[PDB]
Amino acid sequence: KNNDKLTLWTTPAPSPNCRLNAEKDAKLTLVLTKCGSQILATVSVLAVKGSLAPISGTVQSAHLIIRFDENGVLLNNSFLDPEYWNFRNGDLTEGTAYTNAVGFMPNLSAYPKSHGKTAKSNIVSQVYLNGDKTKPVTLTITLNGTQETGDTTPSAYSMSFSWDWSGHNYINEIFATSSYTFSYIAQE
């Protein structure tokens, strides 16, 4: 059992695995590492096709919402593909889908279902396009909720990533973000 039940990830070098505008138009690298009562996370994203590859016209943001059921399992019609979202085995994922990941879900006491507009449910910081300090992008992570254009979409748990560069002209650049570290309180 080369398994590691304390890390849930996309793999460190994913194939296209998520939908920012269309199916598999980006590679999300997301690693969740369980440190008891807190999850330690790293996230980065790279667009591979469409209006973010390269950034065209008037687009100044990108959004991904990941939704899980009561067992911490991705919902049907997930915008993150489930095939390579699993517990760690070396640099790969287990092949058999997990049945329970509640230990990696954002705590519902800390981050209640209807509370996405609450300050505590948001982690907000700058990341940098192409790892370039002169090209800031704001990242807003929302736990068990959304601040955007209205979400009472059923899920038990959720994690929302919103990248925004209002005011910046990044036309003809590929949308790709520096790696960002964060933590949140675990459900169990």
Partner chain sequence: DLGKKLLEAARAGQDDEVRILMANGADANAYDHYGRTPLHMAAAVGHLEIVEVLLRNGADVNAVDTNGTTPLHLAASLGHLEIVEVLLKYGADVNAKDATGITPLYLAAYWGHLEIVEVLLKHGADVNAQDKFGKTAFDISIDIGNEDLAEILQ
The other form holds:
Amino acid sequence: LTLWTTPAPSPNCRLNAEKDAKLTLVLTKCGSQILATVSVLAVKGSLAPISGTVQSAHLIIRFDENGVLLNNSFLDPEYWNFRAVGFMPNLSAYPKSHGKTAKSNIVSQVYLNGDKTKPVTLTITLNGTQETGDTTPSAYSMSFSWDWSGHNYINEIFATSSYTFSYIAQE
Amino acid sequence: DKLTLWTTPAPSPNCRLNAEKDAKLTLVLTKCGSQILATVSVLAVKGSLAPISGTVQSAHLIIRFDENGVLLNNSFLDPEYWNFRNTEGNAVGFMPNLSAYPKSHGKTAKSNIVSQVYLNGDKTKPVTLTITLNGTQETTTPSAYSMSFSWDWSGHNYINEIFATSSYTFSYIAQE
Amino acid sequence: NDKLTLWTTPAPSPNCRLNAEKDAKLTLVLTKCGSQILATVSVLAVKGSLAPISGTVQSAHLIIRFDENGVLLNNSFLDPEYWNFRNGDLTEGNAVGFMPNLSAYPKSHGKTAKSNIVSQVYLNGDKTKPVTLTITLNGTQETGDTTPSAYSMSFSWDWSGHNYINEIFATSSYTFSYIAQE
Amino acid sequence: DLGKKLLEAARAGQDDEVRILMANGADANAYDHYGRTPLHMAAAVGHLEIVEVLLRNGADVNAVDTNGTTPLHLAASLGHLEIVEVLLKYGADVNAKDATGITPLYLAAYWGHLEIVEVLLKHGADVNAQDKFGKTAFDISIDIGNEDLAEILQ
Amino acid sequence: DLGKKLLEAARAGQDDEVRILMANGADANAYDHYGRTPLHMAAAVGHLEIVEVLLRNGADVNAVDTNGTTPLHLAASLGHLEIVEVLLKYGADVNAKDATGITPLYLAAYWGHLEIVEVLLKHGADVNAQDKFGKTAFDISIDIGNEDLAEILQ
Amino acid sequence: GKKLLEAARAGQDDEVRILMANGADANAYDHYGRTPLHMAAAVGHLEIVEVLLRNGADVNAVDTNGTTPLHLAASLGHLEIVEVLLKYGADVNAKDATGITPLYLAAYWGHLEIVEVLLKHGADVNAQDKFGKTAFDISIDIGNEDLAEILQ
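I have the form deposited without the partner chain already, so could you send the form solved in complex with the partner chain?
Every component of the complex follows; first up is the chain already shown.
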């Protein structure tokens, strides 16, 4: 089964402002592992075109104890459905609030405009968030942090190549 | 099953990078519901990439498919090493999805998967591999789908080496 | 469905030997997707000269060898109590369906570029501390008095030229796939 | 559509393709939906001849994209000295602020393009300009450790 | 525990955080379960002021982790000259040997830090100390092809 | 035979005369036409290049693309090897299957001292390739100040 944003979503996530980018993310459950493919394209704001000294962006998707998005704040729940704990990142392998645990990160280079001379690092962190006080907790999370420190891409549109990864599923 | 479409695990020379049958492309597509899981490598067997000669710093292979996901003839990939494992199923289930990767949108970022692979499996000899999905442009027989592989090692001097890469895994959204 | 996964569990105890007995936790999960295995792997040293990285050590490796039924050769290098089918005993699944295909990745004296999958992983999941991981499938060919194996998977980490002394050798997670033998 | 072609040819650094298109009546002020104009494209990729053909055909020298970024921000940030000079000759605005208050001098300082920094200061660049966080080009020289830069800033 | 927060602040180079923590009673000699102390963290990341604060507060300049690595091994290996000088000023053992016989001189030589090799030699660094293969800092220079170092060590 | 090919690549200066002493053939070739002297010229093992030449290795051996050891040494920046090849009578003007010469490769990859040596040894500055480019078209091409200068 597949949990996804659809293959071509409308603006459906916030990197810096409401609906300022399209995240295409597909999670396919292959038994104990989730096979995933991801890319992002900024549609407005300070990453379209990249402006000033901006050299990073990020998005944290949080889910509740049933694997359901916590709310429409950051990824729009209208572009997020089956084609859910069976798609959540395994808490034994990627322990909640421990995104600094090396193994909870999958890190690789992706490329602006699909051009091999414009790398961008993508760090995906699984269950890396901790909520305290009054903050509603998430049970699970999946974070994408893009970073191109030291590269001057001003005037480019932040639009990445597509990238595949997998992770152990919670159930 | 009818869930694999491949060149076999060990093909004879089956593709043209510059001249007929000058390379062996190993390419396996396994359908995992809405995604295809793939693994690819290539090895040149003769011509200007075996050994790498002159200032050659790139190679490419474009595979084109018709509206039923069948390999076009006159394909630079030999249709004899391209078939379902044994059986015939539905090739459209293996094609890259045209909403995610629209036809002739090869320069759109999202239609490309780009990563480094390594000559001889050797970490000190990187080669970039750019895979482009549905990027083709015929204005030629029309293709409905395509999968391209572009190897590029600009700025690296690998003259005298044999062009033979490590294996690489990627996935993409299937058309149906 | 538990028979389609062969793994170390998601959080093993010390279960492999990089330089000394049980000196590292290898997390390795193989899931069988018909003709391909989809794998995810990472490693964390827990004692010895990679915890913290000491001296000029700039590499580590682990070779896992299997017999002709796809069963680990011995409790030498990876501990068989953290290697089994998910929720399974040895008779719950068939381990040859998880082995690297011999016709794609041969057992021979020769070297084969396509038997390697090579990519960078990162210490502490930190993009500024790369380490190369070379995975080699069936890359052993035992001679002399070495006990033979039918299949192998080896993991060679190398960070030549980077000085990571005082870091713990703990890597990010990495996905790859390969053609299955059956 | 002559605009799209002109945007693409300026971006690709096709000097002549640009001249041919101008010849055929392409609008030097076309813009894409992010507000980039051909002169942003040419300034960013560093094609001097293209910058000049456009300015001679009446390209708005201080056109802003949707974030307030001008061609002189681009050329100063990315280090294209001779483009920075030609832009200035045509009325480029040394004190243009983008949407968070960043100026061409702030970017040339941040990325270490010192000769560009000198050129901007001699054309009246305001050194006390702060971004929306209160940081100036002097704060940059301290944060990024550039001693030559801090020296030049007085 | 204040110890864990100190270990973390030293490693993240939080100069100020470390002072706050020492102000509040944090133990300068806390160690993690690999035997790393805040002084190991600070010598490795290169943070001089934290190294000084900890040493002013009684940090053990000769602490070893489970492999016998000292803060001086870390500063000499990673090339932090002023930290190497300060550790030596507080009584760091110049020829401390890790579990395989490696000294600060051998690591400074292997990674080509020539100024640190010269400071270590003036405090009595021993050119004869061999690694597990029988090789000295000198043999490693010969190997590596480093002629400047080979003359300093001979 | 193949042992030699492997020792020359691997840089095992020792093995090579071990193998030569036993009558291993200095002109062995693999199925791409590469000889031990191509392997040694490519990896830059001077000693090995000299032992092979003293044992009558063919200095002008071509692989299946017409590449000679002098192309490899010039292309990859091995100056002493370029000098010893020329001493043993390597064709300074050797053309590969597309017309490329050692001078063309030395220029392309910015090995200016080797460009100087090839010229002294009579490399034709005017040899062209595919596009009909020559070492000079390469200079103002790759935007190379000093190479434009040396091509005098």
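Numbering follows the first chain given and starts at 1. In this text, the rigid core denotes the largest set of C-alpha atoms whose superposition between the two forms falls within 1.5 Å. Shifts are known only where both forms have a C-alpha.
Participant: With the rigid core superposed, which of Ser51, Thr146, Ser162, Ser155 has its C-alpha shift by 2 Å or more between the two forms?
Facilitator: The one that moves 2 Å or more is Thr146.
Participant: Can we say the CA of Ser109 moves by at least 2 Å between the two forms when the core is superposed?
Facilitator: It does not, since the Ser109 C-alpha is displaced less than 2 Å between the two forms after the core fit.
Participant: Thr118: CA shift of at least 2 Å between the two forms after core fit?
Facilitator: Shift at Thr118: below 2 Å after core fit.
Participant: Rigid-core fit: what Cα movement does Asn17 have between the two forms, in Å to one decimal?
Facilitator: After core superposition, the C-alpha of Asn17 moves 0.2 Å between the two forms.
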